[PDB]
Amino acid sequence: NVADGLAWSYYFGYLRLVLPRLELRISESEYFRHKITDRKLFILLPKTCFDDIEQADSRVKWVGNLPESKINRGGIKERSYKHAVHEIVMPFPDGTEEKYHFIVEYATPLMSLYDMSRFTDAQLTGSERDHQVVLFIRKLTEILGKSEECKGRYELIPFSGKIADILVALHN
């Protein structure tokens, strides 16, 4: 499957690298370390969308990035791996609000699957793309479920194209 290769590469080539570094990168962020509501990476997995999170939910906006990890990989001495912090503002019946700060990003391989459906040379119809997205979510779920270094450091968020509601509910 196309999705199985994208899922394993997403683990070996990214999550396995950054998730063991996440807590250290947070603690180095003088601006965010005391603000971060939850110390996990929230990975958005839209099934029919597509990459700006604010355009998916107006209550979520980017406010800053964590300090980058510099990793020697692929002949690149200091390749940059950094996460983004997003602020969630939940309006209430009182007319009041309450703010949260989450480390959240889209699953990047899903963006390539969408790009593969917009070019016929990639041999991916819209129907086949939606199936491969589901296969990607399932394979990535079982890979991370058996991971030692990533244990307790992530949260997968599959949804159909509400994000702020899901994130706030999961934190509670």
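Between two forms, the rigid core is defined as the largest C-alpha subset superposing within 1.5 Å. Positions refer to the first chain, counted from 1. Compared with the form deposited in another entry:
- Once the rigid core is overlaid between these two forms, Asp57 counts among the residues whose Cα shifts by 2 Å or more.
- Once the cores line up, the CA of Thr120 ends up 2 angstroms or more apart between these two forms.
- Core-superposed comparison between these two forms: the C-alpha position of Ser80 differs by less than 2 Å.
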Given for the second form:
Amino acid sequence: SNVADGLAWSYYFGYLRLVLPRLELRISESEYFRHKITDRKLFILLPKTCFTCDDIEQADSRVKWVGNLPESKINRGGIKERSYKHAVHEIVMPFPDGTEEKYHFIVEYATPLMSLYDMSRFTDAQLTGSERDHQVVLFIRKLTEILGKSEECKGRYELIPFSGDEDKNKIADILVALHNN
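Form deposited in another entry structure, per the form deposited in one PDB entry context:
If you are looking for partners or other molecules, they are not here, because only the chain is given.
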């Protein structure tokens, strides 16, 4: 088929199908985060221009990494237990009267996109610049279709497509907009 089809299905079968159903239970186990995270869903970032996947907290004074959730073991694999954990980001929306509104979100990048970037940049590449950009669009569209039909992931994810370079400061405003309604 396509290069993106494998990456989107690998992203789902090897990760999203495993951690999204466990997401509400991980937050309940964390006595420090159980009351801080109101939106118990994984906000997946889908960068379209840049693929370095830089830390979002470095591009916004309102975004601050405040630690990780307790790790959990996923039995999916071959005679090897893998461990996953989620990082929690604190979003503090300021107001002109000095008051604040504090939020907490589970935000992660779509790591398979970083693999699409690694294929094209090195010499003797599998894909050129134009051939990779098409796979990036197909990846975003395919990952949406997979999660839209997955019944065990319904209501436990959000897809945020954006140009992952100069507008990382837009993440904080998008997360709060999805939280309010």
